[PDB]
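Could you put the whole structure together from the sequences, leaning on the hints where they help?
Number of protein chains: 4
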Amino acid sequence: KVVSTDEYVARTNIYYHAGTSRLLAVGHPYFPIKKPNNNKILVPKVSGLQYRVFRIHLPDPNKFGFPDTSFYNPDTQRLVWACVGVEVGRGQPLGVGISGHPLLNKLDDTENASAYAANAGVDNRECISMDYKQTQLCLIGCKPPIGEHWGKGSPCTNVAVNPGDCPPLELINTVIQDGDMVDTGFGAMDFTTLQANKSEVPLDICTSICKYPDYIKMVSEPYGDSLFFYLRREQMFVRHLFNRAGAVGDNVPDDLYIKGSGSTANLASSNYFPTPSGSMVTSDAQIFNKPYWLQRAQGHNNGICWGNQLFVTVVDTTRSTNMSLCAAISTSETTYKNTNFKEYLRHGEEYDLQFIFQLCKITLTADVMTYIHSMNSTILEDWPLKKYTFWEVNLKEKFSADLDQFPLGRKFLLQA
Amino acid sequence: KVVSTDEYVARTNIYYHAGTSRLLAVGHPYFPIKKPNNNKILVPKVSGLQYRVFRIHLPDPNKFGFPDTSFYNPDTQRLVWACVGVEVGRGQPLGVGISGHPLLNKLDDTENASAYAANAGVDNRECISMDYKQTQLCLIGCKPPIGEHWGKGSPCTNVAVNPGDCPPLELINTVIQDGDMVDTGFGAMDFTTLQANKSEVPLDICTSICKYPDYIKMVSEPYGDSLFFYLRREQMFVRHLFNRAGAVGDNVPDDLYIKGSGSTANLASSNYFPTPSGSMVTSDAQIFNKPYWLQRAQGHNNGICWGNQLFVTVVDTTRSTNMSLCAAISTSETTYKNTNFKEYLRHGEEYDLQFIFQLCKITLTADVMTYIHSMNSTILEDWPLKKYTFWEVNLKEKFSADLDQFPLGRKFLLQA
Amino acid sequence: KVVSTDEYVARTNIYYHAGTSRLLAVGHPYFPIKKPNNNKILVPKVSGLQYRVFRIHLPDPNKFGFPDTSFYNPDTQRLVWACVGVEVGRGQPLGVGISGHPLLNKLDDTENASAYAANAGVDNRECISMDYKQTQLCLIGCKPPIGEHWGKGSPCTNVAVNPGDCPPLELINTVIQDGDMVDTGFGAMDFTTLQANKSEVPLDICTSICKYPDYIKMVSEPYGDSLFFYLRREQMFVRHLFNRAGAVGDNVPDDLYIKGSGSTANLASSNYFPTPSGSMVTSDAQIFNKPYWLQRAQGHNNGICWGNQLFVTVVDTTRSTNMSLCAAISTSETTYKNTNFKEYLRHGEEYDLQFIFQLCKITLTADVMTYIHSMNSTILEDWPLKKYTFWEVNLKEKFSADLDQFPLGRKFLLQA
Amino acid sequence: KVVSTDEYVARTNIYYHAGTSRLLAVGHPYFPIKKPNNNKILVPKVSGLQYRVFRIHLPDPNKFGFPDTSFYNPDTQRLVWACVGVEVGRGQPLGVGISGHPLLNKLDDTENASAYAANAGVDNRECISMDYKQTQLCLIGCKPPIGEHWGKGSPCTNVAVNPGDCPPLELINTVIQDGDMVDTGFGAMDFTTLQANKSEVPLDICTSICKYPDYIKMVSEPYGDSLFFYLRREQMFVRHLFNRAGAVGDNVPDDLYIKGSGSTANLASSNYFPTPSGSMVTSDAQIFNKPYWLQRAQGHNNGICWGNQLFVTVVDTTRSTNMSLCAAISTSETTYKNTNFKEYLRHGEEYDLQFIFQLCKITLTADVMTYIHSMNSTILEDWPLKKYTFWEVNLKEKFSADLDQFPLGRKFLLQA
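Residue numbers (PDB author numbering), protein chains in the order written: chain F, 20 to 402, 440 to 472; chain O, 20 to 402, 440 to 472; chain L, 20 to 402, 440 to 472; chain M, 20 to 402, 440 to 472.
Derived from the structure by calculation, the hints contain no laboratory data. Where is the CB? At the ideal position from N, CA and C, for every residue including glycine. A few of these clues could be false.
[Said to hold, decoys possible] Listed below are the simulated DSS-like cross-link pairs for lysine-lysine, each with C-alpha atoms no more than 30 Å apart in a straight line:
(1) F:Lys64 to L:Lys171
(2) F:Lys20 to O:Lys82
(3) M:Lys442 to L:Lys54
(4) F:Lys442 to F:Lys53
(5) F:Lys467 to L:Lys171
(6) F:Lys59 to L:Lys171
(7) O:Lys59 to F:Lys278
(8) O:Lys64 to F:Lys171
[What the hints assert, rightly or not] Quick list of simulated restraints, FRET-style, between CB atoms:
(9) O:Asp269 to M:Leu122: 38 to 48 Å
(10) M:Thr354 to O:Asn270: 18 to 28 Å
(11) M:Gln305 to L:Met394: 25 to 35 Å
(12) F:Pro174 to O:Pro63: 48 to 58 Å
(13) M:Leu122 to L:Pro187: 51 to 61 Å
(14) F:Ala457 to O:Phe83: 49 to 59 Å
(15) F:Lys467 to L:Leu42: 30 to 40 Å
(16) L:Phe248 to M:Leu459: 40 to 50 Å
(17) F:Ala457 to L:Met394: 18 to 28 Å
(18) L:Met394 to M:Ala385: 52 to 62 Å
(19) F:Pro86 to L:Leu42: 55 to 65 Å
(20) F:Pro174 to O:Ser173: 45 to 55 Å
(21) M:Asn285 to F:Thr350: 19 to 29 Å
(22) O:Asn270 to M:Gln305: 39 to 49 Å
What follows is the structure in structure tokens.
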């Protein structure tokens, strides 16, 4: 049986403030820039539709230097931090970014048509761009988040598999890391393994996995450590309706239509796909630059940061403007030529985080020791995530008890 | 005279929690995939615009194993379950799906025109796609739902009927089953019997019946067993305005126009039809992933699940993204060819259900026995739906009295 | 340690009203008009997307003539003004203005395409106009505001730099002055130094810097003098999707696509850029022509105007209609000719400001003297901004104690 | 010093109801219809975008016949009317009207362009129509309203003025009269004097002045007689982006662009202008057909109708449907010909007004006499607007003390 943390955790009246100064990231919005001979990255990939996972490290309160010590007994008490307030400051102006493919697989525009496509070609690919759906989300926890996507499965060995067959599909749960791609209006699938022509989705997702958070599995966890708080807001609509070009994997049944003649002797493509569009960004619909108070979590864990560790996941596509840069090769010409200038694309992104923490103490009795050991063995030993990449935040040297000297501390003292 | 269940049913203070783990369905969005020689289905049809009817089976509380028994007298008491809270968890990201026909009967675009169509052809069919209207609905009851549609009637035998005559129309009430089609913006009619050219509506409804729930008949039922609770939300608008091609069944009267000459010697088609469009999906307009509390039903039945049976009907077109898959036939070519790849379409859909139930007891006196026998004869015998198809849910082995160990039980205990 | 002004500042019950009559500005919306031989400006540049920074000068209350003096002791007391209410009156009708370039770098429309651009030209520039994003903002303080933009950085000297290379990027904080340009949907960057072809953005920002307010840095200031109050509201969406023409700075990696042949032997441009659009102006979404009451500021400074000085920053793009004027060269012709008329563009802008001030007094003890000297040395000496341009407002001769004789004073007396 | 009317005016408990039956106006929406030889008007000009100024005359309460007289002393008391409630009834269905020019100065569509206009013509004028912005407003007072517009100024005599020069601009305040034009999305200017080609704005404003109410000047009046109450609501957006044709008044500076060659040797027009559009009319956004209660005015005058006179200004563009009429010249033809029918346009507009008035009395002491004489000399003499045109309303014979016999009196008695 799982019990709430409010039973075996005692909260004191000591509060601390923590915060980062400013985080910046500048890079190419579509692909990394790499040296031709080498494999070392010169310009990383920074996009507005990437998961931002911050892993925050806290001081050990047992070894922390407090002006007063009489409030607890080190012989039978142990200390831990609790989160009571978070703000995610978000710079840059509001904007919308677009992406596309120079060789995207589009056959025809089927929204309105007046002639029939009676002849097939060798290459019908086009240069198409669009803007993605609108999404904001924030997740806070003490364990890394969990996402889901569609991937290939293991086929049965009863019958053989011929080239060109439909791959089998299964649903896969993984851990979201820093730099992953969010859904853009095409689904949560592995585009590298489920698409072979490399020309069906834009350039920044054509060789990546799009993942969606697994809210149902996260909230059903018995201990509720992976999610203390979450906000989400997403929207989209359809702008264009197209076809796809290729060979027909599955034929239309003969009892759904009447055969034609002349131009309509053969059938056109039935692999319709839409073009997504986020509508419009406004200041009134923003979930950032606002303080969140963590009064009572939904799960049994109520903001206790076991292991001196915090995880913050952020997605915000409402500031995704890409900047165009131009450099002149030769300036000794008074008439414009296309070949005298070079074009570049850049994206910059700005972050700020600030937190209010409360000090708690735990009495280690035999029953409490047994329960905590059953919950997590490493906690007692201290008194794994080495193959994942997160944005590391080190707050071991940024705490202050002067709570009213900071913007978030003033609000915290004002609400109470 | 019909009396409320609150008079002859006594409620105890015992609550139980039930829930399914996860339900998945993957298939083709338009038609089933079948072997050519055989008639057995390989890939079923899974679409975002299908009725989902879950038939849920509960344990018999008379034979159920309770830790305590003294709260009722088996010599004169009988037990039954009552529903007090339901949540329908809904996975996958928000999206919009589209559908169309490769040989759809469209003549001209009449929104804006500059030339007159003075010549008729043999085949003027086009490849047209669109996106449907937006609809969400949830219905809960203890009997299967009832729907209505337009169908053919029996003509009078006074005069003969010639080929090409207009079929007679009547309104027909039936039972909604799992896999039926919801209205998409073209009406609630039988497209198989009322349309003969097979080219007027897209491929996933051209040989199906679209049904609409019969709310007026459901709420007028004397006992109110078919509907305890319901939510609905639908919206659409018009994108395109077209004509139809064919022979004219009914001529325009000569007193509504002045005859033309030259290009306008004959009249163009007056069988105008619009193209529907659901507008836009947002997180703020969602009715799912929210708990429903059944405090007081509208009808006389107040959540009592007679016969240990429940029915849940769900429609949700706000997650209807179709995934495109591509398979390579030969990989020994460095230049792209259309004939070297095969294209497929898939749709996957995810469900979760969770319920809170209360235990009730009934005293069987002579008047109560007579009333219940008049209401339903099978109830006394226990102390029909074999020709319908539902998604069967078996909760006979998933109850637990530990109510706070689950996400919905925590909310239930929090609200009270 | 920084303390609030409420501790060492005492407020009296004396109120004064101040206000300007009317401020007008008429000019050319795109560029200044200058004499060919001279460099003196004939018609200034007045646009709807310019920062309006008003620097307001107040009388010295120590030398001010009060009817009564016994309320304070000049031997140990000093006086200062405090702001308790502000209204920004805004004339002219609501409108939307547009801007463009006669030689803007646009290659193709990539929203929907049916043919491939297989040939390159010498000059593919077009005459394109658009309407910008919608923005309103008001900031009030006692120090000039701070803005941020993207500019060039200092490269490393380890390796040489060839012509045509991508300029390095850094984030720069400056002081916003009267006449600066606000963001229009292309980002906050220096278009003069980061773009060399002079043909990527419209004519009114192609040689200017667009700056965004630095809210995060402004609110984190220890004393909070630069911001007492602020309101913001902005919105935009995407209308068009285009390409750019030029040489390719960074090549697409070879593992993201399959090479084509014929028309698709070479790749089209991947430097996509969108066209911004503010949606729609309404009377219900206006933040102007409304009184603001400054009850409690967020920072430690609570409306005290140190140095007898105030700063008001205003941006309002909801009244940006440009007027077209036509002048006839010769009127002795009865048939219209294009060469007989001349066309001009003008923009006019109207402002009003009104304020309520309260008189405060400060007791100068040793601790207070030390604290104020540490905060700002010039305050004690009185009892810098010469290289910046502001709109100067002189209210040294516009105060009256008759508070109910003015529209804002009536509201102030009504609320209390 | 100005004091409120509540000090020297005493209100009694006597109420009266007044109202017009129905006001109708039918005419041509664009220009008046006049006889060729004569100058007398046959059909007036009635448009949905005209100011409606009603001048309402009231009986003199001193000479009015009251059943009782003992409530006041004629030797030292004088009577006056006060307004306490107004309703403006508005007939006809909701609609939108459009207007245009057959020879409007449009060069090119600059929203999206693919070729360069390298050749100039003699006449490039087009037949263009649009729908205007959406506006509703109501003003109530005892003096006629005040409006503002842009007009020509007096140039300096230091230097001479050549034909084709830009006219100087100044802001002019005038009195709004019945039949004036409201702003339509092009600005508040005199189109007759500031535009010489007569082809830049549609036909109903090309020779008129568009005026905007001067709210700032109206509310700053010391006595507040010109405005007791006002409501406004306006909205618009941009539909099209065009150029203008003509000679270039001001050249683009040479440092804002790089010169082209071939098709782009010369520059295209930079005189961009947008096309306005009101969005959509709804019943929920209507400000008419609702009663207004005048509890407390903003200014010092609190609804006292000095001189037995009232002014009501109304603008409503939400009912602006123009009706098309057709008349047959010869009916002896069975085939349609364009020359056998004549086309006409008409507009009809319907109004209703109803008012509740209260009787007040004033004691004429020496101080009161002096104050009122300083305020307005004509008031004492009674116990100017001859060159303006208003819609005259005579309510000298429509008062009744039976307050509950009318729709507005029932609401008035219900609210109290």
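Legend entry - Hints violated by the structure (numbers, ascending): Of the numbered hints, 3, 5, 11, 12 do not hold.
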